[PDB]
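**Student:** Let the hints inform the model, and build the full structure from the sequences given.
The lines below spell out each chain.
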Amino acid sequence: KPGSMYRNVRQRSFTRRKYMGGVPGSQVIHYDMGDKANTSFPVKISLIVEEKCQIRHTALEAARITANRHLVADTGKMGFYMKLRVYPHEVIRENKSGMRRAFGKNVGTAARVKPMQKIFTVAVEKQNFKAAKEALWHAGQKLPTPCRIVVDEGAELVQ
Amino acid sequence: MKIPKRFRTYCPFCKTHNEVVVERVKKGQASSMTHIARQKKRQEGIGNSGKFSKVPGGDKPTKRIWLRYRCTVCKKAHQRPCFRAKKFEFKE
Amino acid sequence: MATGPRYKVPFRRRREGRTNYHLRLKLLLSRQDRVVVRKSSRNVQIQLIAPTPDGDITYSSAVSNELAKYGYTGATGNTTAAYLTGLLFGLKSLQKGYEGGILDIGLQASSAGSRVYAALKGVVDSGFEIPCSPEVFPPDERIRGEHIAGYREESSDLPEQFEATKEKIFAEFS
Amino acid sequence: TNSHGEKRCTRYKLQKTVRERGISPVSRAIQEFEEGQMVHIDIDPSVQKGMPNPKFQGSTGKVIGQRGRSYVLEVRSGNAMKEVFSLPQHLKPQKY
Amino acid sequence: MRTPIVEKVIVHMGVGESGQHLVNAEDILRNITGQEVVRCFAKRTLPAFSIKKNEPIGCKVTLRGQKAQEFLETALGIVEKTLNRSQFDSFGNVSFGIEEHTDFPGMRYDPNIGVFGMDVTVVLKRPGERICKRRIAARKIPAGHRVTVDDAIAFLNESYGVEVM
RNA sequence: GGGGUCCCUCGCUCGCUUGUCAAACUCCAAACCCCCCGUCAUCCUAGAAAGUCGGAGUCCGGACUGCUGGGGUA
RNA sequence: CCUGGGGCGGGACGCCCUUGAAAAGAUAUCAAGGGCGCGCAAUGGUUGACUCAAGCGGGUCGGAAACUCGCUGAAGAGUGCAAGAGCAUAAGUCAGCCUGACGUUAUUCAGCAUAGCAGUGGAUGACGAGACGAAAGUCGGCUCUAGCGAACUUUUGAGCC
RNA sequence: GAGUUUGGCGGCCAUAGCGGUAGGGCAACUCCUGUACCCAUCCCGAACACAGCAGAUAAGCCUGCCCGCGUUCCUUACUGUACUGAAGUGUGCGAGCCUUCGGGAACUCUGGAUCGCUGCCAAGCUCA
Ligand SMILES: [Mg+2]
Ligand SMILES: [Zn+2]
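Just so you know, the sequences run in chain order BI, Bf, BN, BR and BF. Residue numbers 4 to 99, 111 to 173, in the deposited numbering, belong to the letters of the first sequence in order. Residue numbers 1 to 92, in the deposited numbering, belong to the letters of the second sequence in order. Residue numbers 1 to 174, in the deposited numbering, belong to the letters of the third sequence in order. Residue numbers 2 to 97, in the deposited numbering, belong to the letters of the fourth sequence in order. Residue numbers 1 to 165, in the deposited numbering, belong to the letters of the fifth sequence in order.
Some hints here could point you the wrong way.
What the hints assert, rightly or not - Derived DEER-like restraints, expressed as beta-carbon distance ranges:
{"#": "1", "chain 1": "BI", "residue 1": "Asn120", "chain 2": "BF", "residue 2": "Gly97", "range": "51 to 61 Å"}
{"#": "2", "chain 1": "BI", "residue 1": "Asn120", "chain 2": "Bf", "residue 2": "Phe52", "range": "52 to 62 Å"}
{"#": "3", "chain 1": "BN", "residue 1": "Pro139", "chain 2": "BR", "residue 2": "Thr11", "range": "52 to 62 Å"}
{"#": "4", "chain 1": "BN", "residue 1": "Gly106", "chain 2": "BR", "residue 2": "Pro26", "range": "10 to 20 Å"}
{"#": "5", "chain 1": "BF", "residue 1": "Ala154", "chain 2": "BN", "residue 2": "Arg13", "range": "38 to 48 Å"}
Honestly, the hints are just simulated from the structure, not real lab data. Backbone N, C-alpha and C fix where the C-beta goes; we use that ideal spot for every residue, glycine too.
**Tutor:** Next comes the structure, spelled out in structure tokens:
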């Protein structure tokens, strides 16, 4: 089931899980990566999406896996702090016959994100800025939206 | 449920509050000389009889508890729109 | 303890423990003046009140501090003083042009032979009209002040001065 | 299927705010109204007696008579004139 | 007007069931208290006691005035004027336990009744604490006007002579 | 409460600082909109609003622009 | 009969609540969450007296499970049962006295906005009787919104033609 | 004729609540004192009720203060942002989005205020 199916945002938010049945939970494991204690990272960059899209939990997990592996192989295991801001709260339901009784079963969750809303926030040192930026570039290739990187902290620290 | 055999209520004939004894209404036997029995005897012949060959319908899940409130002073009973209950008993 | 924005504080009189609003809604449905009898620990006070949306307004009133001018010397916070205050309130309200009103004891508990019901009997005996039941009225000897022989002999001045104040106030307002 | 009861779809029409929940002001319940006076129907959910429909919530009714405690209001519902009985607890005067 | 005077004395007998035993409990409590004694009702049914809801369990009595003073003097006599700081509440309202009603002189042990332990608690307040209990303009007492634990032990030492360590 | 002299491990639970949400959540809260009043505007004695009667057709509809309308992979 | 052809399945075929529904009203689908075809002489009425859930602290094998005292406590409880709304000197709990879970009758609402439409309810009243209460008031059942059915026929109640 | 204090009844129902400190009572209020009686306890005169000489402002109450928590209001920035009424031969492959005219937040932020306002009647005193 490709991500083009559950991508466009034309339906309201289906998140109240006490009035639905049996949501298969997200495959996304963690939401904080790297040094979860050092708040003294001067250069901080964030990956933002520039469309209104619904990111599946599997897409978020794949993007997090590629970004975290690239950052661990670039800046060491404790030379970065990467934050996946958005939780997949929407429940995605598929009509698994014909169109009679078409309200489908829940087949997974997803996160509805607005334009310019940050997905990943990465805090790195001065020298590891390029590796973090390039890993965030690899992260957005696994997402269903055009993504552009924006610098949070230390804009003067880079150029 | 339970309703008392005797309690003080309004007698519409004497126009006062008095003790009344509650009595369950007995469905009487159908008279054989009513106009519908004569019509049914008059409609029997060869073949179908119309409304008199109908088998009567079913019943509701709970029938109303049909009660009559006989006044203890003037003796004239009256009956009111009764509740619907499965199990009924009289408290004494 | 207004812990947050979803905290509903009571009304100000209810916060101060001074007014019941359910009883007030029950009483205000009469569209009649209330005989608001309030008793203090040293004397008693009675008012005639009619509500308007700007706030309650009081037409007539009478306290135990007025009983001195009619020739009363004893305690102003007993059953006899309550009866005399009620009689004075009834005569004064009759003179001003008020002859009706429902009783209003408010938060004070209801018990027969109290000071409030003594004031009620005083109001009723003055010609003022107020719906009441005679069971809650006090005995006539209690309004006279026949408690005196139990503890104190200086209380013996009470019944004669009560009768004197009664005749004086009746001559005063009539 | 959906129902057709009188309280249907009145989750917020007949709901009180957080800081007006509880007892209501008793002065609102003895507000005498004149003949022909324009009064606003703003239903008090706490007072469960003498209440009009939620469909008349927010309509201005012209007082035409009194039926005991409550008042007779000539209310407009779309294009028809309705007679809506409401106690003074649910009504509120119009000020100019 | 800051002396933490004895507001009331509370006695309770945790029988844990009803029948002949609870009647004997209330009778002996009335005998040793000199005042009519009420019972108590279980709030919920528990199979461990095998009790039922709305079923009598224990009995309690509230003692005030000179009766409260004399009963508290007797209780201090049975405890030999010994008490520790852990007995005291956060607001000085003490509560301790006794295990033998035959500690009280004047009552004879019966073989059927056995030995009963009743929990007694005496509440200490200040002269003016009626405001939170009355019916006309009741208001909460502040933190300053309340009774501290050290003031409670000082009052108990001065008036009852019970050393608390 | 879970684990290798209940010596100490320790997940829930409660606060300070972060990160996300709701169609059956709201301390908040619009723009449209609806009732009433006043004003202007238009209609109106060449007849306003209301009422009574005569005659029907009609209850297969469809499309464009919005409501992220609901459902649906579309 | 409805029906993303019909059939199988199901009843969205009667009634009630939340969303859908786009902040007046209305608004469909085999739209989503569901519930009801009952229970109760007290689980009802009224007056009085009190306040609940849950924590912290004290009390003896009465354990971290009972019962009891203090403090915090606008409600986090309870109100018979779906959902939503209401309620704290209470619409809750307990106790005293009671049977208004009364006979008869008129309007207007809302089922059925606008705008016709059945038996029914549900809010105001009226006549006659009461209950509780100092009185004001409250009571036309159980806080409000579901718990039910035409004509004909039979049976029954009071008095009449 | 006017004012202060006190009491009762209130209206608006937090700008009024929660919390902390400092002051006062001649009259008043309260605390406080007893239980002959009226009344009462699911036991207790604890409350209620009654009858009150004291003693105390230590609390209720009144006056002033503290921005601490909550609320309300203004204020600068976010910002004329979000959202939206009308029209559009404006634009995107598409989910959509843009320009014009007209409205216009919420959160947060800056600097501040809010620790009630007011109505009636009565008791007193101090009127010019
Ligand atoms: Mg077919
Ligand atoms: Zn009779």
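**Student:** A separate judgement is required for each hint: does it hold in the structure or not?
**Tutor:** Results for each hint:
The beta-carbon spacing between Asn120/BI and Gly97/BF, approximately 58 Å, falls within the hinted interval of 51 to 61 Å. Between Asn120/BI and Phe52/Bf the Cβ separation comes to about 60 Å, which falls inside the hinted range of 52 to 62 Å. Separated by about 57 Å at the C-beta atoms, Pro139/BN and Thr11/BR satisfy the suggested range of 52 to 62 Å. For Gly106/BN paired with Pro26/BR, a C-beta distance near 18 Å keeps the hint of 10 to 20 Å intact.
Look at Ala154/BF against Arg13/BN: about 40 Å separates their beta carbons, and that is inside 38 to 48 Å.
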